[PDB]
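Enquirer: Listed below, chain by chain, are the residues.
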Amino acid sequence: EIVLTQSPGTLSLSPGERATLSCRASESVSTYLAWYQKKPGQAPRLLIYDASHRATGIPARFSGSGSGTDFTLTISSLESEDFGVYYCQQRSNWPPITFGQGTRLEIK
Amino acid sequence: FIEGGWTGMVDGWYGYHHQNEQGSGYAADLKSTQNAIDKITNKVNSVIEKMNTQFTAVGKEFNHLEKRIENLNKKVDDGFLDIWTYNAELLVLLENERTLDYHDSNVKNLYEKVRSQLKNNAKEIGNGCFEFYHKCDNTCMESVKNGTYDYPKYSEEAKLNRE
Amino acid sequence: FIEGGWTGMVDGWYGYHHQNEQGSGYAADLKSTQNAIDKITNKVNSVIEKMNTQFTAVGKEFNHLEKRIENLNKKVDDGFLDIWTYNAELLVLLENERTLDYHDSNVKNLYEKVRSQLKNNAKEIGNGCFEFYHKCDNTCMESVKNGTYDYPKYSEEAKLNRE
Amino acid sequence: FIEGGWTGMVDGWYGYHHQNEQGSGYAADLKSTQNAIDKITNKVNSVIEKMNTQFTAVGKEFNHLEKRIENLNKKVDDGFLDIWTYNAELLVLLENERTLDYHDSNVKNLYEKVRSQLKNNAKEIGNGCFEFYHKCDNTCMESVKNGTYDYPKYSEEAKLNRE
Amino acid sequence: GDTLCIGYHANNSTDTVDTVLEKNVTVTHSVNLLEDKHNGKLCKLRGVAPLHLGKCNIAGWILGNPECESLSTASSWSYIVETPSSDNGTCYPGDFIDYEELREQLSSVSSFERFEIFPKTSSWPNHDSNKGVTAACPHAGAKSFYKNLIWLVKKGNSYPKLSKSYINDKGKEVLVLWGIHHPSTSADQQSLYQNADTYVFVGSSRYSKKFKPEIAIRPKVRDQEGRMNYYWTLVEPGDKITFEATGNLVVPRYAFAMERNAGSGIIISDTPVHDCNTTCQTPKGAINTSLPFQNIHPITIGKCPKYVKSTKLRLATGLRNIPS
Amino acid sequence: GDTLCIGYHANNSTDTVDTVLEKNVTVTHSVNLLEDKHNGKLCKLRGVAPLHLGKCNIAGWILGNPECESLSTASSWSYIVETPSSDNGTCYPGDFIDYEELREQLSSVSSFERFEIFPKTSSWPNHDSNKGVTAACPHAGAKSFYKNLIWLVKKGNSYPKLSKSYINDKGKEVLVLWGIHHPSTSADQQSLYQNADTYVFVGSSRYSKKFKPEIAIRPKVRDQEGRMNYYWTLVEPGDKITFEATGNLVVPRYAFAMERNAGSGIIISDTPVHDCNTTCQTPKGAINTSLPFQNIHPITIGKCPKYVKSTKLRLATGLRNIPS
Amino acid sequence: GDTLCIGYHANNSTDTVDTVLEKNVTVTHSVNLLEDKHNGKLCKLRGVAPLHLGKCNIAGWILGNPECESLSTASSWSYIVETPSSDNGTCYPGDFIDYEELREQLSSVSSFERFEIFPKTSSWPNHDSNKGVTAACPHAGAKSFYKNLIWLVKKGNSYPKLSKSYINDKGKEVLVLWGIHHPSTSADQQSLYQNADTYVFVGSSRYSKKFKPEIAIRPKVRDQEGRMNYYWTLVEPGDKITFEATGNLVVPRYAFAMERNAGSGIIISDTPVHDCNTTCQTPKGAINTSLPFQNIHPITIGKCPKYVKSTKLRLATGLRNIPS
Amino acid sequence: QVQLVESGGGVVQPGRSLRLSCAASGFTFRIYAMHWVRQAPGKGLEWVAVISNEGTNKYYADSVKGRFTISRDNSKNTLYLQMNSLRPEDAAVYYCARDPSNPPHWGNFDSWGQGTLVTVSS
Ligand SMILES: *[C@@H]1O[C@H](CO)[C@@H](O[C@@H]2O[C@H](CO)[C@@H](O)[C@H](O)[C@H]2NC(C)=O)[C@H](O)[C@H]1NC(C)=O
Ligand SMILES: *[C@@H]1O[C@H](CO)[C@@H](O[C@@H]2O[C@H](CO)[C@@H](O)[C@H](O)[C@H]2NC(C)=O)[C@H](O)[C@H]1NC(C)=O
Ligand SMILES: *[C@@H]1O[C@H](CO)[C@@H](O[C@@H]2O[C@H](CO)[C@@H](O)[C@H](O)[C@H]2NC(C)=O)[C@H](O)[C@H]1NC(C)=O
Ligand SMILES: *[C@@H]1O[C@H](CO)[C@@H](O)[C@H](O)[C@H]1NC(C)=O
Ligand SMILES: *[C@@H]1O[C@H](CO)[C@@H](O)[C@H](O)[C@H]1NC(C)=O
Ligand SMILES: *[C@@H]1O[C@H](CO)[C@@H](O)[C@H](O)[C@H]1NC(C)=O
Ligand SMILES: *[C@@H]1O[C@H](CO)[C@@H](O)[C@H](O)[C@H]1NC(C)=O
Ligand SMILES: *[C@@H]1O[C@H](CO)[C@@H](O)[C@H](O)[C@H]1NC(C)=O
Ligand SMILES: *[C@@H]1O[C@H](CO)[C@@H](O)[C@H](O)[C@H]1NC(C)=O
Ligand SMILES: *[C@@H]1O[C@H](CO)[C@@H](O)[C@H](O)[C@H]1NC(C)=O
Ligand SMILES: *[C@@H]1O[C@H](CO)[C@@H](O)[C@H](O)[C@H]1NC(C)=O
Ligand SMILES: *[C@@H]1O[C@H](CO)[C@@H](O)[C@H](O)[C@H]1NC(C)=O
Ligand SMILES: *[C@@H]1O[C@H](CO)[C@@H](O)[C@H](O)[C@H]1NC(C)=O
Ligand SMILES: *[C@@H]1O[C@H](CO)[C@@H](O)[C@H](O)[C@H]1NC(C)=O
Ligand SMILES: *[C@@H]1O[C@H](CO)[C@@H](O)[C@H](O)[C@H]1NC(C)=O
Ligand SMILES: *[C@@H]1O[C@H](CO)[C@@H](O)[C@H](O)[C@H]1NC(C)=O
Ligand SMILES: *[C@@H]1O[C@H](CO)[C@@H](O)[C@H](O)[C@H]1NC(C)=O
Ligand SMILES: *[C@@H]1O[C@H](CO)[C@@H](O)[C@H](O)[C@H]1NC(C)=O
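Protein chains in written order, with the deposited numbering: chain D, 1 to 95, 95A, 96 to 107; chain B, 9 to 171; chain G, 9 to 171; chain I, 9 to 171; chain E, 10 to 55, 55A, 56 to 83, 83A, 84 to 92, 92A, 93 to 125, 125A to 125C, 126 to 133, 133A, 134 to 262, 262A, 263 to 325; chain F, 10 to 55, 55A, 56 to 83, 83A, 84 to 92, 92A, 93 to 125, 125A to 125C, 126 to 133, 133A, 134 to 262, 262A, 263 to 325; chain A, 10 to 55, 55A, 56 to 83, 83A, 84 to 92, 92A, 93 to 125, 125A to 125C, 126 to 133, 133A, 134 to 262, 262A, 263 to 325; chain C, 1 to 52, 52A, 53 to 82, 82A to 82C, 83 to 100, 100A to 100E, 101 to 113.
Read the hints as simulated data drawn from the structure, not as lab findings.
Backbone N, C-alpha and C fix where the C-beta goes; we use that ideal spot for every residue, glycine too.
Take these hints with a grain of salt, some might be off.
If the Cβ cut is set under 8 Å, some of the chain I residues that face chain A in the computed set are [unchecked claim]:
1) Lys75
2) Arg76
3) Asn79
4) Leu99
With the hints as extra help, turn the sequences into a complete structure.
Expert: Right, dumping it as structure tokens:
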């Protein structure tokens, strides 16, 4: 399966600045990569799909980039509701769907 | 019918999306892609190459007392311009229709080849996809891609799975 | 295939004829009719709007001592006339053939959409008609007609009445 | 689909080939062949008969002091030559393309007519044709070749011999 | 009793089109690509009324023939209207050199004013301008001449050498028309000019020609055994033209300040003119359309569709019409 | 195991066509849109035989060159044939004014009756008409002249003023050709016409031109240092033409009555003329076809296919020939 | 349960083609059929450099204007480049008869050598070839004349009869240009040639013309009161040309032995000439392409694509671009 | 809007059999494919199973293969999941989620549910 390694393991940032989140892939997934959010106690949420298209109801401050191996997620403005644990999504070569290990984005 | 194209497909114009227990992804049909590329390359070369222009000079010079022949030459040039402009735009538009219709037909005969090969061993679910009733691994699913599928090897398994 | 057209349709070029317990009548497929109307109108407007002429004066005047230039001008006029007459006649006949083939393709595409939607729940009786093996109501009729037919809801009833 | 033509079919462009206990042979379908011949003859007489060339003399004569007018006449003649060469070559190319597409469409329509006629009573065995599930003698084969092969008179025998 | 059938449109329209594979096939709807209808009137082109000379032609109007005095002088015209029965021009017989090119250049004008290049009563005090009349150009039964040209004959018993020039200073090209007279006999040469051997010289910054008159007996046209060769040139702004002749000179008196427009022509028709705007013009009428092809007349002026010989150019839009 | 199989038609043919997407497509049946065959004869256009001039030129045939006497003339012709190896025309050196205009005006006639416009023995008793021969073009070794032109010289020691006129009242257009001699020296000018200064005048209702000879030494071709300029004009019905000269005039004697058919040309070819009828004529031969395109010759006369550079325009009518 | 699907290729391309039924169709791959790029240079056609004249036009270069001595004369050229601001030609005013014809013949010469047809010091010991200068043709602030012509003036008080001839025996056509001066006043004629009535004769086997100078006052152009007509005549090898005049003969000293090509033109552009090779030429800059159409300029010289009024002619090659 | 309400969670011994369900509303259940996503305590999200819109082809993860069985009821608009012989690593919170596309474009998860916790303990 296409393993998904997220770097760094923990991103500690103050609100109001730029945030970056990476998720490397062992196999080139072309562009079929997505990102997810996870509050403690809430349901997951689909923000961007296919690494460029944002979903309906998602704020425009979330944006992703990458094609093939290296994929990065960029948040333009860190608001108070953006803190949580973030995951990366592959769907290119899946008989198993493989998630990332997670990047815990917190308040410093 | 088939809603959209596949941005993850780079090995050819035409192909497949295999998915089974051990893999998924894309695998382009090289033969149909190469045939279509050669056909449309010959199409472009046939549009370009049939224009053979001889060595000529368009401009002519006339003095103040040859206004009629000057207007005659201008009328000749403008008529040639109108003929060539109308023929060029209409040739581009009709040939673009024929290229796109050739592409749609290549899609539909690839679909028809795999549909006539598969018969009752799969299920038409829409958007050009077939859900196999049997277990069809990558050797099986690669054998469907070229035209070497054994129907009675999986016919009894598909009959047990269908009902 | 479909032998003749229907006079009872007024609002659409393409459509459906349902006949059930609650009545019958002609319902037009607005999507395919509107797509065909837009495409054909763009085709016709593409035929007119590519004629980008300029201001010109075709007629020239000469005296009795310029018979050769007069015959050159007449040869120019007759060559332009022959080119435009042949091109216009062949263009009109080719685009009429393409328009009729396009309408036949739209009819076959609507038939293919309906036949792939209904699958084994109806019998292919010919002349563009499907008789339902189940009691397809009026809500079932326009569920077929907007593309949202429920196959496994009526699959058991269609299997019961098939034999 | 169909790997190639038949040398034994000499009386028509399209047709059939039956095999049973009474023998085998080739039988051209006269209606579709005659319609194709009439349409293609109309096509060839259309691309010939729309050329209406008037009585004219191409050659003009000029002295040594009229080199500009001679060059203008040569420019007119070469422009007409280039226009007619381009349109003649491309017209020949697109009409051969449309003729071969028309022949393939006629064979597709004939196969589709036989496929809609037979339904489940025939086993589509590839090579663009069918194998009959039941016994079909020369009267039965001719009834298929009509277009009036009635389904339920052989459906029970086809169902009995199918399984 | 449940079934669903699909089908297509049918109509009572009997419009038929021609395809490549089939001829005379009935369709429900169609669009005509050919314009076989014209208004039958000679309209304006680009909002400017054409020059209608009536029974006169371009030579008679521009030379001031005594049958073209009832016409109206317009400042601008889109084209020139001519009738096939127009036969009133060069009433004294002779040759108009580059006549078709003066017809070509006067086809469209932006500004046209008839100004008196040489005054009749103050520019020739040594010659006679009143006796220069002839029976070839009558005016209500009396002998008369051109209005734009003056025959100059001897004053008393002496015709001095002519030396006149005009300077163009009004920013427009000036069309200068004149002619040289060829008397039939030397008796006429002595009776009108008193000098046996004369010449005509004309010159500008780009024009230079000297005319030696030819006195001989010619076949009679309109009771005249002589000819006038009429000549013309365009004088540029800032340029001047010099007229010098010992005799046989028909002097200009009414020149024209004129600015050329390119693209127009001459219409040969009996069609009347009407207050109407069209973008395309023909002798048969007016082609007010947008269709790419027309089959009205091959000679067209304006933004006109391409002429074809065919009579039916019908583009099918609807389906095959099978009412059954 | 009954089997009904559907296929199509295959040949042993090797006919190939060119498709947009593929070349050398073998077809069962194909038709040719190209005419690449000709008979190699100069056949008749609309049943009318051409005017074959042989080794002569148009000017030599129309002026009366002595080597053009053996050519058979007709009352009408469709087109004029010359030869690339033809070098017999305008035997005396000089400029024939409007030669190509005469060649276009004479390319087809409906009636052509050659007649004596001015009799040899009853029109000029005051001038000598038998001494006008030269060695520029001989007839069987003797000094001869044009058959239609008469070179007037002085009769004894007197050359009085000439005046002749022919009224065209025969219901047709009469073409008249005259010549004008420019002598080498003034000694020849006195020896032929006895006047130091001479003038030639030819006038009509439309044509009017006064000529003057240019007497100077010219380079010697065909042992001649003087030059003859020959002119031509057309006389309308009901018209007369006046030939007046004090010298240097080569008068017509054999004019031509004609009513012209417009729209033909001149073919210069070595191809022989044979008995046919055809609608398309080339210098390489005749074309008898209904196909719209030919690749034989660009220069054509008549209802002809358009010339293309393509060496194969094969239109597929049959299927794809797949014999297997 | 395994899934096999049918689909097609998509890119990130935004190349939109135009089709008949639909406009603005984004495709995966497209090929342009229209060429809209030029190198901005005036290159060499068929490997031979053009003839740039700079501030001179063709008349100034071929007559030897004093502002054109710095220009180089190559052995061969393919076309002629003329600046739109060029005004250096025919410094003495007058008419260049058949200017545009000579410009057409001089468009492409495959072998062009310049020779002295008549040397200045060894052809006229009886005529003055040194005082023939004027203020119309200045050179470094002093009076000069055309380099290729000689304005012959009387030797003291006598201008006798002139006779010169050139024998062509080098196998190439020799172009001979002369002039005829037209003095304004008879006093100017007495000061220059002393004979009040002169003539000019130039004769060949094909050319024969007698020029009479015209003595009358003209508008003053470049401080000159009289005009000057310039003539030209090609001379076949094995043929001779004779010059004969009582006066007013401006006689060539340099003539040009040329072997001409066919199918060239004259470009009026400000585009500089660079060392480059193209099969197509254009005033805006040369075109190097194989596409059948172009939209740069109508006036093109060479094997050039057909000029269209299109702005975008893109032919679709790949599928429709539908990413989803 | 879209609503996915889960049920069937609870405390179960290892080696037993448990079943969950996912009730769907506000949308047509039979045209969208269905999923199951779990998240173990101390771990990340782990994909469990997929069923199609018509419930024909079925895929499970490598760890849960053979033990797991997905099923759906399109008439009752309800998803299901069945386990046999559970594991200590199987204890997680289980989310049902909706695939916004078809077997052409299987993949991402447009909508989610509240989820139930499975506590596998003895
Ligand atoms: C203007 O044209 C008319 C006819 O087009 C001329 O009138 C004719 O003149 C001739 C000769 O004078 C007479 O024989 C005819 O009888 C006249 N016909 C008519 C209907 O009047 C008229 O002379 C022309 N005027 C000018 C100045 O050229
Ligand atoms: C007709 O043409 C022939 C050539 O086709 C002329 O014959 C030549 O005449 C010149 C000059 O008289 C001689 O120098 C040549 O030797 C002749 N060649 C031959 C092959 O005879 C003939 O003179 C012409 N006749 C007329 C009347 O012009
Ligand atoms: C060569 O051309 C230049 C300009 O192109 C001429 O110079 C002009 O001469 C006229 C007449 O004296 C003046 O009115 C202009 O002001 C001059 N212009 C410039 C820019 O100097 C020059 O006379 C020409 N030479 C020849 C021999 O014709
Ligand atoms: C292609 O077809 C041939 C038989 O014609 C077969 O031997 C070969 O394995 C096929 N290739 C693939 C990749 O399936
Ligand atoms: C008609 O279409 C709409 C959406 O396009 C669909 O929701 C509706 O169910 C259709 N009508 C029927 C009767 O099914
Ligand atoms: C088949 O068609 C022909 C011609 O229409 C007809 O004569 C014949 O009776 C038909 N055969 C049958 C069995 O109906
Ligand atoms: C068709 O019927 C309409 C009325 O609906 C009528 O206006 C029209 O004239 C008819 N056309 C023909 C060709 O009968
Ligand atoms: C179609 O119309 C033309 C001209 O009116 C006629 O010659 C032809 O016979 C018609 N076609 C039919 C099938 O009647
Ligand atoms: C013609 O056009 C002009 C302006 O272009 C306008 O003033 C005039 O009213 C128009 N005439 C008619 C009849 O519309
Ligand atoms: C020309 O035709 C258009 C519509 O075809 C019309 O609106 C316009 O009034 C016409 N012009 C004149 C002058 O009648
Ligand atoms: C094909 O075979 C036929 C025999 O039926 C023969 O007449 C013909 O000449 C053959 N064609 C060629 C090209 O050999
Ligand atoms: C078609 O055949 C000719 C010779 O018959 C050959 O020269 C040409 O290359 C062939 N065309 C192709 C595309 O191979
Ligand atoms: C050719 O046709 C014409 C028609 O006018 C006829 O007179 C002549 O006899 C025909 N000649 C031959 C050889 O058929
Ligand atoms: C032209 O050829 C056809 C056969 O192709 C023949 O019938 C006809 O008689 C021929 N005409 C002439 C004038 O030779
Ligand atoms: C499309 O994507 C490729 C990489 O897959 C990239 O190299 C190229 O620049 C892209 N083109 C555009 C127009 O975005
Ligand atoms: C295609 O693009 C051009 C330029 O953006 C635009 O003006 C045009 O409207 C578009 N075509 C269509 C059919 O929308
Ligand atoms: C142009 O062609 C010539 C050959 O005629 C060659 O010597 C020269 O190097 C070429 N120059 C360029 C720039 O290609
Ligand atoms: C012209 O373009 C081709 C490629 O399109 C290139 O190979 C060639 O070098 C170019 N020629 C010049 C002179 O730049």
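Enquirer: Which earlier hints can't be squared with this structure?
Expert: 4
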